[PDB]
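For reference, the chains in residue letters:
2 protein chains.
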Amino acid sequence: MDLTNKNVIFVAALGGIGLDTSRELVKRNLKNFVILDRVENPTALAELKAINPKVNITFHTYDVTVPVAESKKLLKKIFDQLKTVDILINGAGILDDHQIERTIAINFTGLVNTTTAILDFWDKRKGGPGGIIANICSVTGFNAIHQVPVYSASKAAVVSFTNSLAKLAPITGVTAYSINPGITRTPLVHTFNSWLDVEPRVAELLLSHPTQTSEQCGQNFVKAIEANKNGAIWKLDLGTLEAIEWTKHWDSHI
Amino acid sequence: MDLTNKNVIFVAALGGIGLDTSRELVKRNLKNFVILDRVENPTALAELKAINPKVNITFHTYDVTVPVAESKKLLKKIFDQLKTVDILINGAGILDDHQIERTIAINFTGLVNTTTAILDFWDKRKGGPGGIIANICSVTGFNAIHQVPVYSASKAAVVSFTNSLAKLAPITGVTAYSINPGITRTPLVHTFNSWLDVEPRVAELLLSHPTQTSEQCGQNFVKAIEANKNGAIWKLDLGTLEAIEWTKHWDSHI
Ligand SMILES: CCC(=O)[C@@H](C)c1cc[n+]([C@@H]2O[C@H](COP(=O)([O-])OP(=O)(O)OC[C@H]3O[C@@H](n4cnc5c(N)ncnc54)[C@H](O)[C@@H]3O)[C@@H](O)[C@H]2O)cc1C(N)=O
Ligand SMILES: CCC(=O)[C@@H](C)c1cc[n+]([C@@H]2O[C@H](COP(=O)([O-])OP(=O)(O)OC[C@H]3O[C@@H](n4cnc5c(N)ncnc54)[C@H](O)[C@@H]3O)[C@@H](O)[C@H]2O)cc1C(N)=O
Numbered sequence: 001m002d003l004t005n006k007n008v009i010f011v012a013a014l015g016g017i018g019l020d021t022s023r024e025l026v027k028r029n030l031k032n033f034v035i036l037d038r039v040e041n042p043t044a045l046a047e048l049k050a051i052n053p054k055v056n057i058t059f060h061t062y063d064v065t066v067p068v069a070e071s072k073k074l075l076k077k078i079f080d081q082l083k084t085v086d087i088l089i090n091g092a093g094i095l096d097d098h099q100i101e102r103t104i105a106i107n108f109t110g111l112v113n114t115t116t117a118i119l120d121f122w123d124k125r126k127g128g129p130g131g132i133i134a135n136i137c138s139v140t141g142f143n144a145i146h147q148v149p150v151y152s153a154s155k156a157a158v159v160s161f162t163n164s165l166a167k168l169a170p171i172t173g174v175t176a177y178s179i180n181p182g183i184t185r186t187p188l189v190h191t192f193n194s195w196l197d198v199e200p201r202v203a204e205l206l207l208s209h210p211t212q213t214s215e216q217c218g219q220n221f222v223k224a225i226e227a228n229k230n231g232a233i234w235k236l237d238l239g240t241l242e243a244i245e246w247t248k249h250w251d252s253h254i
Numbered sequence: 001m002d003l004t005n006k007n008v009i010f011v012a013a014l015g016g017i018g019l020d021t022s023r024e025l026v027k028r029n030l031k032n033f034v035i036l037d038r039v040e041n042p043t044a045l046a047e048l049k050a051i052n053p054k055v056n057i058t059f060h061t062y063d064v065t066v067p068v069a070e071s072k073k074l075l076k077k078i079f080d081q082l083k084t085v086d087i088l089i090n091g092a093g094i095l096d097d098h099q100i101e102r103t104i105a106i107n108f109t110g111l112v113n114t115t116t117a118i119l120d121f122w123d124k125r126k127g128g129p130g131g132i133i134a135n136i137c138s139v140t141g142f143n144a145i146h147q148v149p150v151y152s153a154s155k156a157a158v159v160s161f162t163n164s165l166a167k168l169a170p171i172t173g174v175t176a177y178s179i180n181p182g183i184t185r186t187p188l189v190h191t192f193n194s195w196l197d198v199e200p201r202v203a204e205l206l207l208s209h210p211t212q213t214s215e216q217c218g219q220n221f222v223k224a225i226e227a228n229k230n231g232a233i234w235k236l237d238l239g240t241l242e243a244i245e246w247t248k249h250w251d252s253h254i
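Quick note, the sequences are listed as chains A and B, same order.
Counting from 1, one number per residue, gives the positions in the first sequence under the deposited numbering.
Counting from 1, one number per residue, gives the positions in the second sequence under the deposited numbering.
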């Protein structure tokens with residue numbers, strides 16, 4: 001993908017990884033960059049507009065825990081205004097294993113529902129043009145942080161979901177790939193709760209080992225978007241970009 | 001694990017795989033077998049009670065989508081009667097990718113919440129005795145049936161959660177392992193809904209390939225329980241029992 005003149009919707013663009021990815025995206029001279037996030041951040045919007053005044057940058061309030069019909073209503077209006085959308089990035093996430101239901105609703109159900117909603121406008125069986133989805137999953141979906149077992153399991157679910165979307169691209173017209181950061185210094189990881197307080201020091205201990213910056217992550221995230229490889233499982237860890245090979249433990253044969 | 005004179009709770013014991021696993025378990029001379037299921041099945045219950053009349057079999061209506069406080073209330077009733085519980089088997093699942101929220105609530109959230117509740121009675125940090133959890137996951141949590149992406153993602157989630165519970169055993173005193181059937185002839189897979197109807201004949205297609213009986217599955221399920229291997233990831237496919245090796249793509253270092 002050459003991002004020049006493209007239209008991109010980015011759910012959760014203004015978080016730590018989001019905003020550094022967004023800084024890199026607007027340098028690629030998008031036509032329209034539509035930010036969907038829970039709370040508006042006028043500082044960040046001003047920063048992005050200063051980086052590239054040529055991009056049309058818009059903001060809509062969006063909480064991924066709303067019902068799928070509410071996501072369809074919002075996406076219908078964005079598609080109507082823009083005519084076309086090239087790429088959807090699903091980035092919402094929380095890390096707090098004291099909040100079991102909300103972790104699962106935001107990190108897994110919400111991503112599935114935004115995806116299900118945008119297929120109304122993209123699915124080629126409904127007359128749409130197809131499209132591309134980039135899901136921010138996590139390396140914890142391969143191998144957990146077992147002190148946050150619910151968070152990690154929510155990310156294993158969206159790694160799997162994204163693998164399946166890619167295999168459904170011949171039917172829907174919608175390709176997909178996962179973006180799986182390793183530990184990245186953002187507000188998500190500095191303080192957080194472990195399940196049943198199994199490890200009250202989990203953030204301290206985790207951040208005693210090598211990390212990358214959100215700037216590093218964001219640079220590799222835009223490289224992975226430019227590679228545009230349906231079914232890729234991208235690892236963005238310690239400043240590098242690598243594709244991993246999914247192990248074939250079982251085959252449905254269908 | 002010697003099942004002689006043990007106390008076992010099985011959530012979702014009277015479905016296809018459950019019931020054949022239940023027949024095998026009550027052959028092994030349990031003290032108490034406690035069945036927790038969303039619907040009553042009077043004939044299955046009566047049949048089980050006849051196999052080994054000396055086992056004490058009790059049935060409680062239980063929906064895994066209730067809040068954790070409600071699960072704790074039910075478990076308190078059971079622990080007060082039995083005093084000790086040796087094994088919890090979490091078996092609830094539905095297969096219907098037209099029901100996104102309820103798939104995730106039953107297959108993933110509900111299993112996490114029953115586990116979270118029973119940790120109130122078992123956690124060694126609170127003076128509890130520890131325990132053993134056997135989670136019915138699925139080979140689709142390794143490699144999806146991509147035409148039911150939400151179902152398969154929910155199973156990837158509980159494979160992950162089970163792996164992490166096992167690694168938390170030194171802290172909690174609760175060990176865990178997953179039971180992952182391949183395609184097994186039950187009512188679950190006879191007719192079912194694919195996501196966005198990507199494959200309406202998904203059930204017909206799936207059963208055009210080698211499968212196993214629920215009798216074979218049940219036999220291998222009780223063999224896995226008797227092996228009692230913390231952190232095992234058991235595949236129960238085509239009549240065999242096989243431990244799989246989890247691929248190491250990333251490590252948190254903690
Ligand atoms: C241990 C953390 C982890 O999994 C590692 C391996 C890594 C991988 C993936 N992630 C994922 O990366 C994405 C961004 O994380 P971050 O580190 O920038 O966190 P941060 O908290 O800064 O950003 C969260 C973003 O999600 C949005 N969000 C939260 N709840 C929402 C809701 N209800 N509706 C809509 N948007 C909502 C926020 O508004 C914000 O845009 C998340 O999906 C997160 O799970 C983070 C890391 C990391 N920071 O190290
Ligand atoms: C494509 C299916 C698949 O994942 C394969 C590879 C295999 C693996 C795991 N499983 C899993 O094995 C377990 C049993 O499946 P089955 O084939 O016996 O299906 P069946 O539908 O006969 O049994 C479902 C059981 O779950 C219980 N249940 C459903 N909703 C509940 C709720 N809200 N609360 C409490 N209990 C509830 C039912 O009452 C019943 O006891 C499920 O976890 C299922 O996901 C089945 C298969 C299979 N039948 O081929």
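Incorrect hints may appear among the rest.
The list treats identical chains as interchangeable, and a pair is accepted whether it falls inside one copy or across any two copies.
With a cut-off of at most 27 Å between alpha-carbon atoms, the simulated DSSO-like pairs for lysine-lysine come out as follows [stated by the list, open to error]:
1. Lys54 with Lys6
2. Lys76 with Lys6
3. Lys77 with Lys248
4. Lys223 with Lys72
It should be emphasised that the hints constitute simulated quantities derived from the structure, not laboratory data.
Hint check results:
1. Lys54 with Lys6: within (12 Å within a copy, 71 Å between copies)
2. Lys76 with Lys6: Close inside one copy (18 Å), not across copies (57 Å); limit 27 Å.
3. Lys77 with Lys248: neither (41 Å within a copy, 43 Å between copies)
4. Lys223 with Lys72: neither (29 Å within a copy, 48 Å between copies)
The structure fails to meet hints 3 and 4 from the earlier list, while all remaining hints are met.
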